[PDB]
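A.B. asks: Spelled out from the first residue to the last, the chains are:
Number of protein chains: 2
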Amino acid sequence: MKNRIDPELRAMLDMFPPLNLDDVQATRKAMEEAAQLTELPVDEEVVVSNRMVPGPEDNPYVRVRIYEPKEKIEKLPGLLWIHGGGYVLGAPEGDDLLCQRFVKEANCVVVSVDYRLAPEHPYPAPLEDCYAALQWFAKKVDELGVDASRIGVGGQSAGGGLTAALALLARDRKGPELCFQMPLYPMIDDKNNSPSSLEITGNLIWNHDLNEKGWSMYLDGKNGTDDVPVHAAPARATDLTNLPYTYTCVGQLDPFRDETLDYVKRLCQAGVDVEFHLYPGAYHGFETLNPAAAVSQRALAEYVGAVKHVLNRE
Amino acid sequence: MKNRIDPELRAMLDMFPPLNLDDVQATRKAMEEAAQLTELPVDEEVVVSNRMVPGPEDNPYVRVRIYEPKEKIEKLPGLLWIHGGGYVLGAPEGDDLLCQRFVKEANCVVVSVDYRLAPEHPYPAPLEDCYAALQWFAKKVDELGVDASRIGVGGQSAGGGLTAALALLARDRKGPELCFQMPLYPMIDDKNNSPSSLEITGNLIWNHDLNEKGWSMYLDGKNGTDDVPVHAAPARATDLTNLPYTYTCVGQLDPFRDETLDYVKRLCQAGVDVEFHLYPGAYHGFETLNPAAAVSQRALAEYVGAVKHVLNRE
Ligand SMILES: [Mg+2]
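From first to last, the protein sequence lines stand for chains A and B. The first sequence begins at 1 in our numbering and counts up one residue at a time. The second sequence begins at 315 in our numbering and counts up one residue at a time.
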């Protein structure tokens, strides 16, 4: 698709080998080796810690990674953050730069979830870990210096899917209150049969074949069948009423373009307040892979600004 | 729920006397008298001129209003601008401030069409006047100091519908080349039956009842029937292939929300480059009516920036 891709995004596609989910163990080991080569500096304005918190009943405690301002004088809003990786890869540490940016620009506390991964822990384990982390965050607002009426949830890709699912689950459980959801370019349609999901086939970071493998591992082979609940695949939701204010965005060359457009359309029809941005010439994860690109800098500034505006509004 | 309107947009909406299209002749006479009580915006960096250009067979001359930089030392891109007004109101002069902004920020020549209005001149008259203006603009690029490979078209509301229609018509006629289309919150679906159209019924600048009247006058009572060509109502297009790079945006509380989302989706599926922004809490024409509002300033800067980016790239 070379001619369709923004020129500032092309060079990074050649710079890294196409992702492979035929060997998930090997892919995770490779990503962890990459992570060790690229360690962030300490940012002196943001204090980062890990904590073990009670998990879902009869399940392991959940690790969360907490980012807070070095100086707290007044009560702050909160953001639950959920990393991506197809439901099968990833760790909170991968998103330290962005979480530190949300703390500094939104003046908030971020709690990032180390959810269990598929295929070892399929649905509902990853979502229940996110829900346990949200319960802990709401319960500990005293100690964190947070306002429980100003907690939102956000994430990218599979983490965006878990964000949209968690907003539905917390609504349905009269669960902790959420003031905002930011399901960025979210993996929400297990059927993998939208035109955009079918069209994106090659080395464009995420594609139809990767999506098929991630959904198969998350849903233990029930992907695409009638035996998939709304909380596993939010595209299946028919009742989107009484969900939180939503910000999302997607690149037009992301396989998730069409499911994202459809979710936005249905949220608006359900009376949910939505801001949505479709970016031209842009593939999945463009803004994380190409930080120097003008379109990446516009996209990052806008969704950091959404967190700042919505979590702090009167 | 008026609580869903952005607080910065509320005060102008209560001062807005609700539009009445039961007597279009009386409404135009009123708007022209209002215009005469206020001097038109001038700008020392922009030179404004009026020209009569050959029209369709129907209307041998069409007036265009031309905005250019005071200092032209190189070849510039061009923007054909199409004002809004429901197909039944308006004149180029109403958009002088925004056309001057495109000249100054995009460093372009703007040609704004004084198209014939419905119901006196129903479809196809308004679109054929725009097409005649585009033919003249392409023909006179050497005289205007414009690059024929860098001409776009843009407009708002009914002008956005004419923009989308003119991109289809120029494609179909192998008509002058367009490098960009900017059909902002465009009036493109004559059926007036989308969920967003039925949702927006009150005093929110444009609504279901006004939309029915504008379409009935533009299409001489054939609105909603099988007797409506794609060039009269671009929502009817099934072939969106080979259309120019598109920017569009819409407020969530605009009746055009759903038809705008659906056209964006179909453009992307046809392989057209598209940027789209949905703004929360925002009604039709918010950014023109509320220049002080933060969401207005973001929206205006983004679509002025799209003109600048797309007309000057490569
Ligand atoms: Mg299948």
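Calculated from the structure, these hints are not laboratory results. Treat the hints loosely; a few may be bogus.
With a Cα cut of at most 25 Å, we get these calculated DSS-like pairs of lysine-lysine [said to hold, decoys possible]: (1) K191(A) / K174(A); (2) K622(B) / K2(A); (3) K72(A) / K29(A); (4) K308(A) / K384(B); (5) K29(A) / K213(A); (6) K139(A) / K2(A).
A.B. asks: Run every hint past the structure and note whether it holds.
C.D. replies: Each hint, compared with the structure:
1. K191(A) / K174(A): violated (29 Å)
2. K622(B) / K2(A): Given pair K622(B), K2(A) holds - Cα atoms ~23 Å apart, limit 25 Å.
3. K72(A) / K29(A): Violated - the C-alpha atoms of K29(A) and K72(A) are around 38 Å apart, more than 25 Å.
4. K308(A) / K384(B): violated (41 Å)
5. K29(A) / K213(A): holds (18 Å)
6. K139(A) / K2(A): Not satisfied, since the Cα-Cα distance of roughly 49 Å exceeds 25 Å.
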